[PDB]
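Student: Using the sequences provided together with the hints, build the complete structure.
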Amino acid sequence: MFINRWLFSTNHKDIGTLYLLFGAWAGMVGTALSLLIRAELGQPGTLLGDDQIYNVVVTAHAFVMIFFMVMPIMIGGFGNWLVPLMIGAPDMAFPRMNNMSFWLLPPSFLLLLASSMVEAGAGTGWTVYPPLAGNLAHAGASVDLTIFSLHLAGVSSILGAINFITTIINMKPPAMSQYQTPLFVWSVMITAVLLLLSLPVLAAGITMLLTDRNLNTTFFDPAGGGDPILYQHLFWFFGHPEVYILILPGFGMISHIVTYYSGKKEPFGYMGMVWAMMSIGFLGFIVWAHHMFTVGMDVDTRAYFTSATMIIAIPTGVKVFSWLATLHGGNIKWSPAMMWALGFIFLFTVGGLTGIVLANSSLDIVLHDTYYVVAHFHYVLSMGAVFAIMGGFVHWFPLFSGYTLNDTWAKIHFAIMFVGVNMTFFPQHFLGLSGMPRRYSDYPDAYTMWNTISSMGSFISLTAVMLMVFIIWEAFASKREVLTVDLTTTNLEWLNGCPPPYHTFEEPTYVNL
Amino acid sequence: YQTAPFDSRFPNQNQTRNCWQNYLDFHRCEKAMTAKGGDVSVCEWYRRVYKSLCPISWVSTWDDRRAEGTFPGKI
Amino acid sequence: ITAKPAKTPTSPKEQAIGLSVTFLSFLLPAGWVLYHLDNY
Amino acid sequence: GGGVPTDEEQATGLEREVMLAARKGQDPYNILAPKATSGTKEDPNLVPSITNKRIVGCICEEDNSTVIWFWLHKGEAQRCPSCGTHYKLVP
Amino acid sequence: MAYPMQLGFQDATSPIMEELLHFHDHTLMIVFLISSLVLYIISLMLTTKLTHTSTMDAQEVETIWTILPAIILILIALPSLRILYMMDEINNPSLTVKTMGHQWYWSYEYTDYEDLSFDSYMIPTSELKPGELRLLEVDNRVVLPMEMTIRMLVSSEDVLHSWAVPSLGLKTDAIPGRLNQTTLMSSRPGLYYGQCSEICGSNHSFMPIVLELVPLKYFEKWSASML
Amino acid sequence: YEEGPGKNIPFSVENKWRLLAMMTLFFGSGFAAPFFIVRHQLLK
Amino acid sequence: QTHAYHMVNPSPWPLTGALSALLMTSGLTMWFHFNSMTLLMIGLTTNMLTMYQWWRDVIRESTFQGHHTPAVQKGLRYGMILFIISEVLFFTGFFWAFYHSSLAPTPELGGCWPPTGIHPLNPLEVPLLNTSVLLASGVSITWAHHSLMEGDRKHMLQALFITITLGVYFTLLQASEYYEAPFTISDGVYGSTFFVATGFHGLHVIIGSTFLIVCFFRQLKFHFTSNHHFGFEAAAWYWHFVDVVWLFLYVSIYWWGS
Amino acid sequence: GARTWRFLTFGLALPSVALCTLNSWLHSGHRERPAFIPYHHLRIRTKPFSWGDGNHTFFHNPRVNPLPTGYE
Amino acid sequence: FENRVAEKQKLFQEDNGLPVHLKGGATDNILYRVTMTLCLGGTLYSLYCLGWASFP
Ligand code: HEA
Ligand code: HEA
Ligand SMILES: CCCCC/C=C\C/C=C/C/C=C\C/C=C\CCCC(=O)O[C@H](COC(=O)CCCCCCCCCCCCCCCCC)COP(=O)(O)OCCN
Ligand SMILES: CCCCCC/C=C\CCCCCCCCCC(=O)O[C@H](COC(=O)CCCCCCCCCCCCCCC)COP(=O)(O)OC[C@@H](O)CO
Ligand SMILES: CCCCCC/C=C\CCCCCCCCCC(=O)O[C@H](COC(=O)CCCCCCCCCCCCCCC)COP(=O)(O)OC[C@@H](O)CO
Ligand SMILES: CCCCCCCCCCO[C@@H]1O[C@H](CO)[C@@H](O[C@H]2O[C@H](CO)[C@@H](O)[C@H](O)[C@H]2O)[C@H](O)[C@H]1O
Ligand SMILES: CCCCCCCCCCO[C@@H]1O[C@H](CO)[C@@H](O[C@H]2O[C@H](CO)[C@@H](O)[C@H](O)[C@H]2O)[C@H](O)[C@H]1O
Ligand SMILES: CCCCCCCCCCO[C@@H]1O[C@H](CO)[C@@H](O[C@H]2O[C@H](CO)[C@@H](O)[C@H](O)[C@H]2O)[C@H](O)[C@H]1O
Ligand SMILES: C[C@H](CCC(=O)O)[C@H]1CC[C@H]2[C@@H]3[C@H](O)C[C@@H]4C[C@H](O)CC[C@]4(C)[C@H]3C[C@H](O)[C@]12C
Ligand code: CUA
Ligand SMILES: [Ca+2]
Ligand SMILES: [Zn+2]
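Protein chains in written order, with PDB author numbering: chain A, 1 to 513; chain H, 11 to 85; chain M, 1 to 40; chain F, 3 to 93; chain B, 1 to 227; chain L, 3 to 46; chain C, 4 to 261; chain G, 12 to 83; chain J, 1 to 56.
Hints in this document: simulated from the structure, not taken from any laboratory. Any given hint could be a false lead.
Stated by the list, open to error - Covered stretches of chain C (in silico footprint by chain A; criterion: 3 or more residues with CB under 8 Å from a CB of chain A, positions within the stretch not fixed):
#, segment
1, 8-16
2, 19-30
3, 94-102
4, 109-122
5, 160-171
6, 191-204
Think of the CB as a built atom: it goes at the ideal place given N, C-alpha and C, for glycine as much as any other residue.
Tutor: Quick look at the structure:
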């Protein structure tokens with residue numbers, strides 16, 4: 001029975017649970033990598049080694065946080081648990097293929113940990129640029145194991161995207177139009193379209209890198225008439241959509257959390273929220289070369305990418321203002337989830353605005369490949385994507401488990417993490433403006449004060465992560481069973497109880513025209 | 011002559027083809043002059059410009075390949 | 001939300017044990033590695 | 003020039019049940035959206051169920067994006083808590 | 001170079017870096033104002049017991065929410081693109097210098113007249129002279145004439161590097177098989193430092209750039225002495 | 003299959019001390035792994 | 004249940020497929036770096052076993068058990084369209100690589116396309132024949148589709164046999180052209196773009212031909228009705244995709260790139 | 012109809028294949044191999060191939076595919 | 001050939017509680033056991049190969 005249920009699952013809830021467990025474990029690996037980074041940077045001079053072991057750690061940190069923590073939690077975990085419940089569907093369209101999306105991830109992760117154990121690791125950056133990632137400067141198996149890790153993660157997500165799009169289009173109640181689905185459902189549909197279009201281009205690019213490394217192709221090798229810059233275009237054609245894939249499900253969760261803890265039946269400006277997410281998804285495909293402002297492209301190309309990138313602020317601002325307008329007049333419940341969501345709105349806005357600074361190619365000359373970029377993306381990832389994950393986790397934990405968290409412990413957790421992430425990343429703006437480069441194991445002495453404070457921040461965040469484990473233990477240890485949940489009339493995922501039965505919507509919902 | 015002037019054919023950050031074109035033009039000119047028994051001095055401008063712009067290792071590799079018979083450009 | 005009282009209450013002492021074991025499970029193995037860095 | 007089976011000859015299981023019910027104008031597997039009545043206490047929306055409760059979603063006005071969800075129980079008609087529209091379970 | 005507890009950009013050494021400081025000031029005012037307004041509005045939405053929970057009409061307010069950001073973006077883009085096209089303008093350099101990135105050092109080629117080239121390596125920490133800067137000094141500095149338009153051409157003979165000097169507003173990637181151009185003009189004599197700005201393996205942290213800006217007559221004599 | 007709180011998971015919550023051991027091993031192994039990988043790289 | 008959707012029996016094939024992916028990738032690593040094909044041959048074997056049993060079970064669920072209601076069939080239609088879109092974007096990356104290299108040929112190539120020392124195939128010889136073969140196969144598969152809708156077993160089988168024969172002819176012609184080609188995958192970016200783009204296309208022709216052969220044997224076994232035959236529709240859509248990719252390769256690489 | 016698509020299969024599509032088969036047939040037969048020139052952008056070897064002696068491409072044809080050192 | 005689909009419909013609808021991957025009978029169990037044995041054994045071999053490749 002255990003094998004049938006947990007290795008042979010065709011159940012969206014159990015598969016969601018497997019993704020959440022996987023993502024939680026991946027988060028601990030990513031946190032340990034982040035602490036090794038900050039342990040090295042927290043004092044001038046070399047602690048670990050030369051830049052190779054340091055950049056193996058940096059590279060692994062990014063791949064783990066992105067591919068093994070954020071995507072599996074948001075899409076595999078919250079998506080599998082919530083999407084079918086929010087549309088009244090009895091499962092996913094392809095419930096057996098769903099299981100293979102999950103089981104491809106442990107092998108993908110094993111290939112990444114193999115990459116770090118063999119030879120000297122893949123010290124490439126998560127971008128894996130050639131020629132450093134090629135067979136001369138990174139001879140041996142490490143980069144090939146990294147490429148194969150990404151192939152398995154990519155197939156996982158492509159099949160997951162096919163599953164989500166089909167489920168959301170095809171398995172709603174017949175009276176329910178797309179304009180009567182909850183915003184989280186829209187956020188997953190749009191994320192899935194981005195995955196479907198972007199990951200195959202990554203797959204093509206890393207396959208070319210594999211053949212350059214092993215079959216004597218020269219896509220990226222000037223000796224054969226190749227171009228390292230071609231790899232960058234193919235990578236970033238995926239990579240910019242990838243960051244929208246990381247945030248969009250977060251935007252969907254924030255819309256549900258702000259609505260719920262405002263005591264509202266509905267988010268402000270539903271159709272504007274739908275418009276905003278589709279506009280962000282679309283614009284996310286036409287901006288990739290803002291990652292390449294220093295490579296030597298033509299001025300008119302730089303002018304276009306500056307302008308197109310800045311345009312994303314308009315739909316994004318509609319979402320931020322619509323969240324504020326959802327709070328407006330609310331009966332505010334100061335739940336731990338609400339605290340995560342309010343932290344998100346502010347800290348995501350700050351990171352989005354430093355992105356607008358970077359979109360300016362003239363200023364990006366000085367900021368590119370500095371800690372200013374690192375500050376930007378950690379505000380949107382470590383304070384945006386992560387805050388949406390923590391808000392959704394504490395909000396929906398009672399649905400998934402049938403047990404309550406200790407709200408006082410959860411508020412303590414939030415307070416510690418808020419201090420730690422801000423202490424970690426705020427000073428990195430100063431390091432960037434003053435010229436500290438990325439991917440350095442060591443820095444000139446002038447940069448010591450801000451690196452010291454940043455590292456102290458990272459230790460506060462570690463304390464928060466350890467406390468979160470304890471808080472989940474205390475909930476399962478105490479077994480406070482859920483009795484009543486407010487606002488079920490506008491939150492269908494709660495209406496089958498906590499936890500919902502294995503099979504829900506065996507008899508579908510009745511919705512007339 | 012101080013350095014290679016701005017060339018409207020090559021106005022952008024990527025100056026690869028500017029180096030290449032001047033290297034080709036010098037060697038095509040040198041071949042055309044040495045053939046009639048004319049004067050390679052007429053080719054000097056192309057020589058100064060490619061020497062200014064071209065990495066030493068590119069010139070050295072291209073010279074080696076012309077001597078080997080493996081230079082892939084038309085001279 | 002409303003909920004039942006805990007079926008298996010976790011006393012302050014039990015919470016101190018859980019919190020202590022959780023923190024040590026993160027800190028001791030990393031601590032051992034970082035203490036021995038000079039030896040590696 | 004024949005030899006290909008028809009659905010009438012060869013459809014089986016749930017596919018066949020759906021096919022045969024549709025010929026009869028019946029919808030046991032909930033493929034179609036039901037049409038609303040006036041929704042008064044005298045003319046309630048009739049909600050079929052194979053058990054003694056079913057979830058209703060009420061789209062109170064045309065083009066509302068917000069659906070209102072609630073369990074409808076066997077017994078006296080219940081009202082949508084947003085628009086007051088009457089629903090009655092027919093198990 | 002950067003100094004302890006520095007908050008902003010290195011002081012500008014070139015007119016374009018000056019332009020970038022004023023453009024950053026303009027942009028940062030906007031970033032501050034928008035961040036502050038969002039934080040304030042959050043605090044305003046959360047500090048009243050008064051409620052209004054019925055459906056709210058969105059279309060009027062969405063006009064403000066789209067038009068005002070669109071105007072702000074134009075007010076950033078106009079000076080942004082003025083600077084972008086100013087750096088791209090034709091200038092007429094007096095001198096061309098090439099730099100080639102390697103694992104892990106820079107070579108420099110001054111071949112307008114003579115075959116002058118040399119390698120520039122970081123001074124190891126154990127060999128610093130009193131008062132010298134850890135990880136920033138090199139054995140052979142890039143001597144250049146002050147107050148003159150210089151064409152810098154950048155490439156690599158191995159992996160990617162990137163040639164940066166923050167106080168002049170410079171960062172040009174070093175790509176094998178590619179010759180990237182930028183212009184350098186220092187308003188002042190002195191020593192101007194930068195660091196490799198593309199991950200390039202074991203000693204990425206340890207291949208810095210030091211420009212030495214001096215009068216033309218001194219540059220000419222140094223050039224002759226380096227042959 | 004078992005339904006309800008504590009039954010829709012692949013781990014037992016029947017005993018909070020056994021669960022603490024399992025959670026310790028689970029999250030502790032993930033957090034430890036990078037330290038042991040770095041040790042492994044340094045010892046070559 | 005009183006919905007029309009398919010609750011699938013708990014299945015081992017997702018796990019066996021995921022492990023086959025680990026064995027194929029670790030196997031390619033072992034082949035490229037440790038001079039051994041053992042893991043790779045285990046992974047290919049487990050991948051083929053997994054595909055066989057998974058798709059066998061889909062036939063059991065549909066033809067034998069009747070789980071493919073119209074709602075389920077509509078889901079599968081969306082699934083196959085979305086899969087084809089993902090494969091189009093995969094090929095787009097290779098076309099991008101091709102245009103990037105060919106539109107701006109570097110000095111190493113002689114600053115020309117085709118590069119110095121490359122003698123392209125004549126696009127009017129076997130590549131034109133290959134074009135006529137795949138276009139003809141798009142006509143014959145359409146005949147097969149109409150025969151099936153009209154209830155004509157013999158003409159469906161004849162048209163599908165012709166379609167498969169043409170797919171095999173294309174594959175044998177391409178194999179012969181690979182052997183005869185005076186340039187190789189190691190002949191710079193010309194050989195790189197040529198063999199990787201046409202090689203992934205050739206793999207898709209083999210996959211599509213295999214799918215058509217599965218449809219042929221299912222038809223021989225009377226699985227398809229005149230109205231219910233999604234496997235055949237999916238194979239036909241995939242086959243048209245393979246045709247269209249070929250036409251883009253022919254115009255881009257063989258003709259415009261010559 | 013099926014009748015129309017069969018008419019197109021036998022009346023247009025297969026005749027086209029037969030004509031192009033004739034055309035390829037007529038232009039077949041080995042064309043002379045070009046002088047070997049050891050161009051540095053061709054016969055790339057950055058890593059030995061994982062089969063044979065490491066120096067032969069997968070569908071190596073001795074008649075028309077020289078090694079880095081020339082024809083066999 | 002003859003249409004034997006009805007005979008397969010009877011076999012695969014038999015009320016015997018078998019999951020669809022085993023409902024064909026004893027051959028299904030054999031092919032499942034071969035598949036899972038090659039998968040789990042190959043996975044253990046892939047881990048041995050990592051152990052080996054992790055050291056010079
Ligand atoms: C999601 C993405 C993500 C996240 C969250 C983080 C989080 C952190 N990162 Fe970063 N990081 C990147 C993605 C991320 N990072 C990327 C892409 C790079 C660039 C790589 C390269 O240059 O190639 C990078 C680079 C990078 C650098 C620059 C290195 C260099 O240039 O040399 C530094 C430096 O301090 C850093 C530190 C940290 C720290 C201290 C955290 C901390 O804030 C982490 C604290 C811990 C958490 C936030 C919790 C994690 C766990 C969960 C959320 C699971 C929860 C459990 C349940 C829900 C059950 N990271
Ligand atoms: C969740 C992840 C995520 C998200 C959502 C974003 C969002 C944005 N990013 Fe970022 N970015 C990263 C993750 C993310 N990014 C990562 C990982 C990298 C580094 C990759 C690497 O090199 O490893 C990076 C790098 C990166 C660069 C390259 C810099 C360089 O390497 O030199 C640029 C350039 O333009 C960019 C810009 C933006 C912009 C304009 C947005 C916009 O979408 C932000 C829009 C939001 C707002 C503007 C805030 C809200 C709006 C309002 C309140 C309205 C009013 C506002 C105005 C009028 C301005 N980012
Ligand atoms: C008739 C057409 C059918 C093709 C089938 C032939 C060969 C095996 C399989 C091919 C699969 C397709 C593409 C893979 C890449 C390269 C092969 C390209 C096609 C080919 O066969 O190219 C040959 C080289 O093969 C080589 O290197 C052989 C290399 C063999 C090892 C392949 C390595 C596979 C790479 C991994 C693929 C990753 C897939 C990613 C999936 C996406 C996940 C997100 C050309 O022969 P040549 O002697 O150089 O020149 C001819 C001279 N007379
Ligand atoms: C270097 C080497 C790396 C390679 C790693 C390879 C990765 C994994 C190994 C793959 C093993 C595949 C085994 C077969 C999977 C068949 C999936 C399938 O066919 O899934 C179908 C759904 O997807 C559909 O239709 C439409 C979609 C079908 C997709 C099928 C297989 C995709 C495999 C690779 C795709 C990558 C795409 C490449 C482009 C980027 C069926 O859905 P189920 O939930 O099963 O059933 C639902 C029931 O109602 C059916 O009665
Ligand atoms: C040397 C080469 C080795 C590489 C491995 C891949 C090789 C070969 C794979 C060939 C693909 C065979 C697919 C066979 C699918 C059989 C199942 C099937 O066709 O199932 C049909 C459903 O479709 C469905 O699931 C649709 C299922 C579609 C999936 C196919 C997608 C193609 C697979 C791509 C795999 C990898 C490609 C990526 C490479 C980069 C069943 O419904 P019907 O037909 O309506 O029948 C019901 C009626 O009888 C009722 O009256
Ligand atoms: C970034 C994440 C980590 C942050 C820092 C973690 C804080 C460290 C927790 C304590 O870790 C321990 O420290 C001991 C020393 O205090 C070590 O004992 C070492 O030193 C002892 C005292 O000298 C000896 O008795 C032991 O044999 C010897 O291993 C012990 O191994 C180690 O587990
Ligand atoms: C069903 C489960 C039980 C069965 C387990 C499978 C047993 C297979 C073990 C054989 O191992 C092989 O040994 C060959 C030589 O001993 C290798 O050829 C290698 O060596 C050859 C010549 O020595 C070269 O020509 C090849 O290129 C090269 O890959 C080959 O790679 C490798 O697979
Ligand atoms: C159901 C369980 C799954 C089955 C698992 C089977 C694992 C056992 C395989 C045997 O292992 C082999 O040993 C050979 C040693 O003889 C290696 O030969 C290879 O390595 C040799 C080293 O001597 C070289 O001669 C050649 O490259 C080559 O023959 C080969 O790589 C390796 O596979
Ligand atoms: C005799 C048999 C009848 C099939 C049936 O109705 O059961 C016929 C009908 C269609 C025939 C097939 C088609 O005529 C197409 C092919 C014609 C070739 O000449 C022989 C193989 C070939 C693949 C045929 C094999 C076999 O004779 C089939 C399958
Ligand atoms: Cu050179 Cu980094
Ligand atoms: Ca240090
Ligand atoms: Zn209503």
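Student: Against the earlier hints, flag every one the structure doesn't satisfy and list their numbers going up.
Tutor: 5
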